[PDB]
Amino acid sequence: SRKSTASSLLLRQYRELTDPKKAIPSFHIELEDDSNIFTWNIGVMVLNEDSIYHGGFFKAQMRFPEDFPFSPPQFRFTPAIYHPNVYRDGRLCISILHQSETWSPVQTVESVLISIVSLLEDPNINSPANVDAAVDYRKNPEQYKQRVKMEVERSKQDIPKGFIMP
């Protein structure tokens, strides 16, 4: 009921983010089991040539509550990546997904995803989920860069067969 309303709202956004003319090339969107509208498997791409993340295909899972959009989704990198705002188990800590800028019911999946790729490139080192990565980011940029490069290379193993990287 609230679940029914949430599922219709999520389907509308899913269709926008997967319709050939509305899709955003940075984000490859699928549903869990090709049918669960409340759990999306997302491939995050960093199209900015400047980024140490460029060329990766970072798999993640976005889980939506049954009262969406009145509560935020959760977002987990699968596998975890080395980033100041990513917990060791892959959970992303980002202000737009905190209740109650924090989450609001006018936020969309598109706005969250945009915020996430922005945070990849510009981490919040003042509120770090991974203090090791936060320290490396500012004090050991070459160490940080080499760790991210390794993870970029690892991530290419998750590019689905047939998928055409943007």
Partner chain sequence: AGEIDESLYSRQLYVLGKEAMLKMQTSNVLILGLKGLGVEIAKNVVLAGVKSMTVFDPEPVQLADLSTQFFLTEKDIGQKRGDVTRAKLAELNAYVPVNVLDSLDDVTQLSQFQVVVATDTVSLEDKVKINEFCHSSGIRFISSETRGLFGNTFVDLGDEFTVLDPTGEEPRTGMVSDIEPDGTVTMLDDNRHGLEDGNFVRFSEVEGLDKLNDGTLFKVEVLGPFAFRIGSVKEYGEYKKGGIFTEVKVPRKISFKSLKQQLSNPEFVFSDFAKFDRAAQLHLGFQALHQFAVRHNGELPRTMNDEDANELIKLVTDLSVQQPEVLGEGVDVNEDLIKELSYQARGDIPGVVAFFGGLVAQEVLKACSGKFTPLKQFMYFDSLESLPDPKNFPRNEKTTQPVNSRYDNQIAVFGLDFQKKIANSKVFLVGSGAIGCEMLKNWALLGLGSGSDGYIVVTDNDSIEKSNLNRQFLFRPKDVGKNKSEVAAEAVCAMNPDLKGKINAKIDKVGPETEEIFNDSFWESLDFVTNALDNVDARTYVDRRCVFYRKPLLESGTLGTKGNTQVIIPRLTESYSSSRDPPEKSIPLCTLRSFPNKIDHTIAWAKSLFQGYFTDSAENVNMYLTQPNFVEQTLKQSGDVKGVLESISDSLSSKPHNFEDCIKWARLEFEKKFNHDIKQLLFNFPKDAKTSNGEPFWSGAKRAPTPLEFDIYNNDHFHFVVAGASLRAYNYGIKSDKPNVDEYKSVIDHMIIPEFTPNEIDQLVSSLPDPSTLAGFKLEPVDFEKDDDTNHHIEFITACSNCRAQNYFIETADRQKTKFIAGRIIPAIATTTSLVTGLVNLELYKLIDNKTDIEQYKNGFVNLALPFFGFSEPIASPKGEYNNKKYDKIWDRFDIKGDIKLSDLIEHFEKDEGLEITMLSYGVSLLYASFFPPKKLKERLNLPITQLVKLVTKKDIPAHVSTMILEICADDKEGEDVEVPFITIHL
Second form
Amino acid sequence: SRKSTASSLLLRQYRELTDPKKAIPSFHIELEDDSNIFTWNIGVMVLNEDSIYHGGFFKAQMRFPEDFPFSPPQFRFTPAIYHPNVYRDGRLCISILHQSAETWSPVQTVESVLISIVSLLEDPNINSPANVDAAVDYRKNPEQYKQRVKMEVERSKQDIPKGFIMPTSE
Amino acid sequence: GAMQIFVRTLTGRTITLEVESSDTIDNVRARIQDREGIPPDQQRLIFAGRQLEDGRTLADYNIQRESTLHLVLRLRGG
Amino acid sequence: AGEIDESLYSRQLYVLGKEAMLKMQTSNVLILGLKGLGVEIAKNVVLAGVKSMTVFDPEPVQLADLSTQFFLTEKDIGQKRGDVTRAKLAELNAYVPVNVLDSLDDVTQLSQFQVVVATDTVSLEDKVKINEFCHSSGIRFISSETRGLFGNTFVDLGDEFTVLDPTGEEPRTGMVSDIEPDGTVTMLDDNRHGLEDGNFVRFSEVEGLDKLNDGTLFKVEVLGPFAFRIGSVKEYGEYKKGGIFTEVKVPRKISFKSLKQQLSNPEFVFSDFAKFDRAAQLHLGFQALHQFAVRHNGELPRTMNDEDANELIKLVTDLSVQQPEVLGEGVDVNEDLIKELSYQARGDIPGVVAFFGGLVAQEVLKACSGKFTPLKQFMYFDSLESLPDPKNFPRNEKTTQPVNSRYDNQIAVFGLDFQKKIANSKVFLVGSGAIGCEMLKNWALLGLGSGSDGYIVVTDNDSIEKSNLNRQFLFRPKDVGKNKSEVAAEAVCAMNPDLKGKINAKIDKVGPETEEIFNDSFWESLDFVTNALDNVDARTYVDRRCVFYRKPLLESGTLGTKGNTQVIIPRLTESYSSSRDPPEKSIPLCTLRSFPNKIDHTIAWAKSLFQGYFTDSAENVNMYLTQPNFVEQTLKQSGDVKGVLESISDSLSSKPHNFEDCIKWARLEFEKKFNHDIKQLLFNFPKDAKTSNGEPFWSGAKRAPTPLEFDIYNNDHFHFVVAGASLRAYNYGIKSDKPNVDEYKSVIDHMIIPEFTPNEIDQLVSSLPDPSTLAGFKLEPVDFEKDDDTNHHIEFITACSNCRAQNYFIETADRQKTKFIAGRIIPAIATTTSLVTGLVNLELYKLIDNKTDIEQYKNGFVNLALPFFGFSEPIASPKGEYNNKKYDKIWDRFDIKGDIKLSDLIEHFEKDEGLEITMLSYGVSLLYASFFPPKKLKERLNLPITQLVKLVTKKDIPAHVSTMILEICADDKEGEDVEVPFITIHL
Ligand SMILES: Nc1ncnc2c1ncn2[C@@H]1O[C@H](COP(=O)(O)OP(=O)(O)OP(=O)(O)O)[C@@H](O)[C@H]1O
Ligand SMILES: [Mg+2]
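Okay, that is the form solved without its partner chain; can I get the form deposited with its partner chain bound now?
Once more the chain from above appears, this time first in line as the rest of the complex follows.
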């Protein structure tokens, strides 16, 4: 049917995720140097007041291949955050970004990937843990886990852009 | 009416499908996806010199009983 | 001998396997007739590496033979074809002696050969006599002949032949979650077994069923895509946990009928199911050609002669009465088809000869080895769609008459004017490897580009490597290290001097960095483009250029015995990029870094560690010692800042002084990676840990690791230290002087290995030494080279992967398998390469005719292992619309003249197209968006296109650029986003 190219599909999704009427308030999305279509700087926010990661502004970078959306994009937290499914280099274990328990498909969008990430943030996958100490503290030492998450939330508040209003809690 | 057709891959594997002559190519691809895990976007089906396209039916390509469709692919070496 | 030169046969070994080539190296092959067909078969069989090749052809070389016999020259005319070809065949493979059989008066001379091949120089009477001797003696027999755009092959491997591997595919394997007493095998979660009914499997690691794992084979009854049944397993016990099934290929004994029997009752294999009715017709036609020769002193029907063609129809009619099982009752003779066979009987067409040369050669190898499923027993072929339109190029007895040239048997089919347009074609060949070499050979036999208005441009940036010689037959051992395109161009000019000065051999890579060389004038001057590429990115790049310039593209590819061709016609078909192929298999990151269960996972982990140890670490140090703001760049780059800083710190801390220091480093890395890290993983997730449901954490895809105790006598532990130390020594410029275990053991045994103990940034940046302290210091990064057996690259990756495999109880792999996976090597053999190139050149004829009927073109798909050949009409380019204006979604585009201003561009699209441009991009850069604030809009709306790019990309448009491609999103007259073609800015 409509076989849109990668740059056009990314631009339309970028426009919708930054429109003052349709942009999801959980994600602050901007292009690299405000020009590069295939690498996005995204600030992930957890609006759920009942989540441990609430109140944080976690910067991240998303890179898209030239055959989007027929290949998954790459996601990395910059810097790496404390989470049972995130490695020390910022990369993270999530099934939606793997190709070939829902995996990647050309029907997935940037919205659905980001939604799947905030869900994994509130509900980490302990059966596929990236690396401790977040995974071991999640099961053995729950109070150490929250103290490590709360210390990571306040550390991410320094990356909030100037003049940016944090959206209200849900 | 109902009929039995085969789908053979470029590697040699054979798949059997109970279908009707009125089934669309889109429905055939959906069944191959459930059986083989191959997304319909990556399925290249050929039969009697034509490549099967969505929106048509099996009877549009003169597919009868015991007919064999071929799942082919493009290779990247050479 | 029993040894296989793996540096020569590397890519072919991945196709055939070692056992098949061991049998091949015991097989003596005889080929009767050395015209184009025979020499093409001999070329591919000699490259494959049989024990010996013997050729028989005492007929004198004639000029017309050169139509497809690429080893003959005009100086050879009058000499025996076998003699003048023998030495040229011998140069292809020093491992294969090539001899000439002087006379075939005594048929008992065939007893010394394992496979006899009879080509188009052998009469049908002699083929039957030879086949009778071979069949009754147990000698494998294969026959083949081409006649114009027609051809056939016959295979008779005797009363008893055993197929050992029908497909040559990788055995299916998978993890099992349950085996019920009735034998119902259930796959581990969302995993497909990929088996079919009648396959056989063996099992491993099935706890509770014991003898089930002893190698016994079980027949597969498929239940669904996730389960199969093997029969009751109650006698073996009761299933507990674990298990891996592996498909096993079983031998199949088969039986062949003699040629005499098959002439009256043929078993057909079809080359094109759309033409399946023609096989029986051509079966009678080819026999009738032989009867015609008997009645006319061994002469074929005259070219385009109706009197002879009518006589051939009568011979076919009489043959159908004598052989009533061929056509069957009520089936009439296809007179038009038989007439074309008569018309083209003397034709000798390079693409057809290439097709059967590759197919028959592969059948020879099957007959030597029992590898792959043999053709059984007859296959006929025609490419009649290659004929040009008779109105532009009429075919009669005058236009197809010989003109005393090497092309006479091509003129016989196509006519003089058509052959002249072939000569006057301007063509671009991208890549000069396996397909490239065969393509240039075909073009040399075609005389393509030899006319005054024609030429050939071939480009390739790669050098010749030893393993290339197995299937790139224009290259010799003495050519290793030279540039492929330059050597290939010279080789084909020696084959056909008409190409001398007509081939422009370039050594440039095609891509975005060479657009000044391959600029608008270059592409626009071409008649068409032919790919010979080995990667998807280059194919995609070329496809987009052909779309931009509206040039026809001939695409092709191979993978072992599998091959494909695609034709791309401007304004007619979709392009290569219009459809998607299955992507390369990827590894989920958690599986790669923490929970491997296949050797593929440890090889990828090892390759990544190799790059970090010996390439990334060296490059980070050289940047830290030469860039003044490197520490500030990485702090705000940013990614893994802690990793880069520790990398530079470690690289400059334990700086080795000699090779012994590098041994110690590698031994300590062994302890870290395969002992300490494994203990740290087990410290958090113990062997007997439980998940949420109370189930064991280390189950299914997760294999409980065990730490390694260093054992110098374990080949993988040893070579990890050897290769790791050698590669570290290379980084630090430490020289050297086969590794001696005792010498390494003495260094290691005197080491004190720290025991394991289970477990801000401003300190690391201060612990780094000042670059002034290390003035002139430089590390030498490693550049991965998989084909140099002396550089320790594959040695390290194999050993490093096998040590991790030992951790997780994964079966280790040899260097050849590791090189295959880590090097992403594509299995390749000359047979498939020649066949696929032949099919491309049969489509090339349709380009010369400018055919606009999409039904005349054919995309090809082959698998010589089955053997399977299938063809399909190309898909039409899809049509779209905006504001009711129809456009071709592939080939149409907006053309704007001049470096227009953004405001004028936007204003023109509103008036001329009714489109409101909302977003505009150039490459990966966004140049304009309607939702920009009024500040950015006013700044960009007044700039010309070139300045707009400079504002955004900070790089000027170079002077060599004459056109720019812009992509736009726009709204139609109803204010809705709609797909629109791209824009071409003509500067
Ligand atoms: N973008 C490109 N521009 C020009 N030539 C290319 C490009 N990409 C690949 N090639 C060439 O295409 C050829 C592919 O042929 P082939 O793979 O048989 O040779 P090879 O890569 O040397 O062999 P192997 O893959 O076994 O190492 C190579 O010679 C390669 O250099
Ligand atoms: Mg290659």
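Residues that one form lacks are left out of the comparison. Residue numbers count along the first chain shown, from 1. If you superpose the two forms and keep the largest set of C-alpha atoms that fall within 1.5 Å, you have the rigid core.
Comparing the forms between the two forms on their core, residues 1 to 4 form the single run of at least three in a row where every Cα shifts 2 Å or more.
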